[PDB]
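With one protein chain removed, the remaining protein chains of the complex are shown where they sit.
Here the chain labels run A and B in written order, and each chain numbers its own residues starting at 1.
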Amino acid sequence: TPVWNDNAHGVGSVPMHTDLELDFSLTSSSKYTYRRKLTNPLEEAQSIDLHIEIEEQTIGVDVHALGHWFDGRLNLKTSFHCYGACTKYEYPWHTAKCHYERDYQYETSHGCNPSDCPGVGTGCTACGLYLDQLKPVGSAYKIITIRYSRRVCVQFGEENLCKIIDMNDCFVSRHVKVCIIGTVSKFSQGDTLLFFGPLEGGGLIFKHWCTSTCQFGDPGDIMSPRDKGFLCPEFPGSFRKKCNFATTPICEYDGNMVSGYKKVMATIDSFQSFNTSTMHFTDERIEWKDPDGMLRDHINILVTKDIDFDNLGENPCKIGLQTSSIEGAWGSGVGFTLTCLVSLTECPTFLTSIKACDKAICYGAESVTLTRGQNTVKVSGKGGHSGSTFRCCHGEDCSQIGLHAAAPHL
Amino acid sequence: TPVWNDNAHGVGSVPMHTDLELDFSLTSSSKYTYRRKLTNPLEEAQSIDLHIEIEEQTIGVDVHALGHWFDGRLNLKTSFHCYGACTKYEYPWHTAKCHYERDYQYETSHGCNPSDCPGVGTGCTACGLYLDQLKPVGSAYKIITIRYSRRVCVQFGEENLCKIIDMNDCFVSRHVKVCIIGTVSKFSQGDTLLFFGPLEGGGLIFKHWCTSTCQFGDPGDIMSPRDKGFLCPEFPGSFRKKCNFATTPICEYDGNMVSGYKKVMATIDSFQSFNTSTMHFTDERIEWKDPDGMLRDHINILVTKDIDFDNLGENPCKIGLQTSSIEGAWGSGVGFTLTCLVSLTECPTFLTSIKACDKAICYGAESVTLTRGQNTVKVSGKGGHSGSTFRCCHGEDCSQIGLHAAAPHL
Partner (left out) sequence: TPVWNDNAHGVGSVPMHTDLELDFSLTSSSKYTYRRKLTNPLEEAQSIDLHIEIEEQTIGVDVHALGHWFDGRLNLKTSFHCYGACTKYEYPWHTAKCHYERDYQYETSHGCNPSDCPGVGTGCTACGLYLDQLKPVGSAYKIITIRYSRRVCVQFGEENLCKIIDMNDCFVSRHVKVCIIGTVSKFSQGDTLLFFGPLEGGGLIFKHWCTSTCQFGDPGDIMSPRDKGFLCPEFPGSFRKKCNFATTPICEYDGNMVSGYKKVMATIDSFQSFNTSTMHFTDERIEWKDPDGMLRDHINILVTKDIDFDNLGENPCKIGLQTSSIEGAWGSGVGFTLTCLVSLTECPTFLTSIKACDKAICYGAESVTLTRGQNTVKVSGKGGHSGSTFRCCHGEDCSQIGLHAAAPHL
């Protein structure tokens, strides 16, 4: 007969037994303070201090750091030999991290040879494209998850409690409820954020950063994921061997010659900037306060001075947690799955959520009806980094250890 | 003087004449149950059973099924003839559903002919690209419309009513109001959902699935919309005829050789997965429950035990409906328009909404001020399938027949 459930975060109240309601639209980038002495209508001389502090909205973005985007110049060179396979000779572009070679092997002919080459169907004209004058222009981050929150502190008499409240969640206590409701549409999963400097200050949003095909000229075309090593772009144009009598062959390439950075800069007003304040970069995560004062969220504060609220998630159920296994990846839009062993006592069943968390950041949650005794719960999550130890959590309680997920893009 | 309006779904209340309020943030993937005996303060011995059941959030997506995405291999063949027009000969790739031929016609020459061909300016070198080793890898669906809802059942005494409540709509009865407020940003119109298996389980979101230009290597490059017949990708590279004395010409192609499926798999962590539970595929529609427990919505429940709420949409107006005509398409982001003949009586005017619906799914709505007598109302909608009969509807009332829209992509 009982069907305990703690997935409802909020309260039951009787409107005539409720003393105060604050309801307002608050600038997202603003804090809010409320202080009041709750006095007894005047049948008493007993007063309760109420002190509420709401902090500015914070955004937390789980990301994959993509490394640096580069500007560069596309260069073309020709190397001709009258005799010998193309691989017999070393070419100047061989040291270039990003090069692309097209060979014309065993194709010498009378009207396309230098004066000293009498070869026909011999040797090699090698054409080499390579990037040079490389310079990093910014750091790029792929958005995996976006969350907004406000830190909320409530003092009611001598009770004082602070909590980070996610947007569209509620702060719940015996005498005070604080609910935050809102929506923001600035950032999307899969967007790529580009920071051109120590871009505290701000950055750019790219909605079409190249992924499965990067061609030279694309946003994101030339990337270095870590200090050394490039992900090189494709060069989709064609080579031609230009021929003349008594003349060395000359390679031509008819594709785009202008880097993605230059093409983006040339139409920079087509792209959306954002600003940041009090940035915090950690591995695969960025947190900041967006100073855009045009954005607002909705705050509702309900206070009952005498009778307690009915906490809609109240229950006698008791949970023990440990991690069992993990699969999947950090830094990945596909994500990981954490398997948890969860013990339920003091209730035949309990509808609740089990979360994958590390250091008070949560990366995933599974709603589940647990049965008395042991339960196996799989939690899907996204985000984290190589050093993350994802723990199985229930409310503020977590297991004693956590597990690492695998690296993405292997 | 009267200006009846039923577009407001909700209630007028007097806070001192209201007995109970539940206000909370609920895990989207969780149900919620509230049961209570409403007793008379103690001036009576009369109690009313209140029983509220809120079901897990469901997503309903109107889609266009795009068929299967394929992996495959790009092959190149050459066919040379010393004499004759290129069309005089049948080539091996002619049976390939996806092939592309480039001809060098009447271009034979001394330094590019096999030993037995003395032709000059004759015959044909035919170059043929074709896809083979084709294998379907997943089913793709273009998102047309996204809607979220929760089924809400309220028993108040012997009154019992269940309704599917859309997110950002309200359940309204004489004694109980249930409002659901929320926002989700996981899916967008125009996204393409890819299911790799019986992907109950989950799938991938693609934000850049090819549409007006599909090149080989793109996400979505090789599609079969129905069982037989391909939408073939473009091959944007160039052919070359490689020549040698006393040698048959050899075709070369310098474009990308790697399928879109392989390119996407090679950077799969760049893409966003989603999970599903209790999937229901119907023609051009998918419904499921998203098990992502990180998502929440806001629930407000208001109860008055004695005096009825003031139903803000209450009115004496009476409506008769029939379909008149339709234009436009199902399975289309452009959509259809249903024309309805709507008769108003018992009111000089009535501000309301007329909807296009089939089997309790609604695909479009028009807010309108009707005048006494006959009215012509055009309703824009999107979604449905070839078997849909779109009816003109008002509230829960619909016309006696419905109409079919036309097929998309003709």
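Heads up, the rule we're going with is that contacts are C-beta pairs under 8 Å (C-beta built on N, C-alpha and C of every residue); 3 or more make two chains touch, one makes a residue touch a chain.
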item	value
Omitted-chain contact residue, chosen from B:22, B:52 or B:329	B:329
Touch with the omitted chain, as defined above, among A:27, A:324 or A:375	A:27
Hidden-chain contact residue, picked from the options B:155, B:238 or B:389	B:238
For chain B, residues in touch with the removed chain	3, 5, 7-16, 64, 102, 106-107, 109, 120-121, 142, 146, 166, 168-170, 177, 179, 181-183, 185, 188-190, 207-208, 211-213, 234, 236, 238-239, 300, 302, 312, 329, 331-335, 351, 353, 355, 362, 364-367, 379-380, 408-409
Missing-chain contacts mapped onto chain A	15-16, 18-27, 29-34, 56, 111, 181-183, 185-186, 188, 204-205, 207-208, 217-219, 236-238, 242-245, 254-256, 260, 263-264, 266-273, 275, 291-294, 296-299
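In the analysis below, only the chains that are shown with their structure count from here on.
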item	value
Interchain centroid distance [CA atoms averaged], chain A/chain B, Å	26
